[PDB]
Amino acid sequence: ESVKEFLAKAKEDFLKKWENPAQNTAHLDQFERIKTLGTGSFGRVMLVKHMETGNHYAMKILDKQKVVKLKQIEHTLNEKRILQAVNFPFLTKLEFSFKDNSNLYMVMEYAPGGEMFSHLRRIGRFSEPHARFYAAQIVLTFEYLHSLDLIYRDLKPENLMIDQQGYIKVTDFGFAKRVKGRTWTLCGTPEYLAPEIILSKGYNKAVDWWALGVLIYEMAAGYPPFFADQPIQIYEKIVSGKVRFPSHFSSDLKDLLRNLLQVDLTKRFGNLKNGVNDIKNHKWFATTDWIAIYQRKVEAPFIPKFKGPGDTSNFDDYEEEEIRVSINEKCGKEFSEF
Amino acid sequence: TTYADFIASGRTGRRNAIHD
Ligand SMILES: [NH3+]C1(Cc2ccc(Cl)cc2)CCN(c2ncnc3[nH]ccc23)CC1
Ligand SMILES: [Cl-]
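Sequence order for the protein chains is A and I. Counting from 13, one number per residue, gives the positions in the first sequence under the authors' numbering. Counting from 5, one number per residue, gives the positions in the second sequence under the authors' numbering.
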């Protein structure tokens with residue numbers, strides 16, 4: 013089949029689940045809490061063991077009251093509805109979801125290799141072949157998501173998890189949205205924001221392709237193309253219309269980056285008549301066998317070190333806090349459909 | 005160097021999402 017045809021069928025699969033979402037498919041007491049793997053403003057991700065199977069999972073736990081205070085109700089409903097409907101090699105679909113008086117719970121495949129962020133900062137930068145290996149998986153994932161009319165909106169190393177085989181999972185769908193037109197919400201991470209977001213224009217999925225340019229730059233340079241100590245200074249840089257590349261960047265890398273980090277939407281790669289093929293058929297991707305990446309048959313350039321199925325040495329240590337469940341239901345109406 | 009400027013900056017740790 014063509015990719016077109018593969019995607020069309022994946023859309024039929026997605027849409028059935030999108031229109032009739034799974035709801036209340038487990039309970040907290042079915043899991044043993046192991047370790048906090050990360051924290052957000054309104055929640056955390058923990059490693060848990062599912063007792064009936066002994067499988068390990070990542071459990072994202074969101075405090076309903078905190079979600080409400082941060083005006084993230086609709087975004088949170090988006091995340092759960094989308095994640096329970098998708099299926100792709102580089103995504104972690106929801107295995108289960110449920111809620112209780114206090115919290116929302118989303119249970120996903122656990123990625124034991126840790127955050128790309130951690131390895132990238134420690135090692136310093138990745139070689140071009142290394143960066144390319146990751147980038148290809150992102151390119152396929154976005155092609156999938158965009159075909160389902162989904163915009164992702166928070167690409168960054170912090171949210172690219174490495175699996176046992178050294179492949180990646182694109183996680184944190186907190187800003188993901190199914191939208192056919194343009195959308196307007198100011199969201200994302202300062203370093204990764206497209207100019208049109210910063211300038212409060214309506215925008216579309218082209219913001220994901222700009223974000224990819226930021227990521228590939230960061231992976232290959234070891235620092236992002238636009239940085240400063242404060243967000244406002246970062247936004248001045250992004251809109252300014254200039255980017256400098258490290259002398260070690262290949263000619264093909266720089267050319268790809270100029271076409272991704274392009275302020276002009278009529279010229280930005282991924283956004284043109286030829287769609288994602290402008291990116292896939294670019295010279296920097298010449299050695300990339302897209303079918304082999306999708307199949308996860310390419311040998312990963314780097315594989316994290318493990319000693320166990322729930323080893324967590326690739327994660328930072330976070331203060332372990334209780335998972336408290338109030339005796340009173342909080343925010344029932346807001347999260348009715350979750 | 006640009007590397008030295010990055011490492012000295014306040015944004016080498018995990019970066020929080022923003023919103024309106
Ligand atoms: N990198 C994250 C950051 C994060 C995002 C949201 C909140 Cl509320 C808190 C922290 C997000 C993925 N997660 C993760 N880890 C391991 N396996 C997984 N499978 C799906 C997601 C994860 C590890 C922390
Ligand atoms: Cl997540």
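Please note that the accuracy of each hint is not assured.
To be verified - Simulated pairs of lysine to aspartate or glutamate, EDC-like, Cα-Cα distance not exceeding 20 Å:
(1) A/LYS81 - I/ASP24
(2) A/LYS213 - I/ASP9
(3) A/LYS61 - A/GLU332
In case anyone wonders, no lab produced these hints; they're calculated from the structure.
Taking the hints in turn, this is what the structure says about them:
For the hint linking A/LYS81 to I/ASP24, the alpha-carbon distance of about 12 Å falls within 20 Å, and the restraint holds. For the proposed pair A/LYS213 and I/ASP9, the alpha carbon gap of about 31 Å is over 20 Å, so the pair is violated. This hinted pair checks out: A/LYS61 and A/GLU332 have alpha carbons roughly 16 Å apart, not beyond 20 Å.
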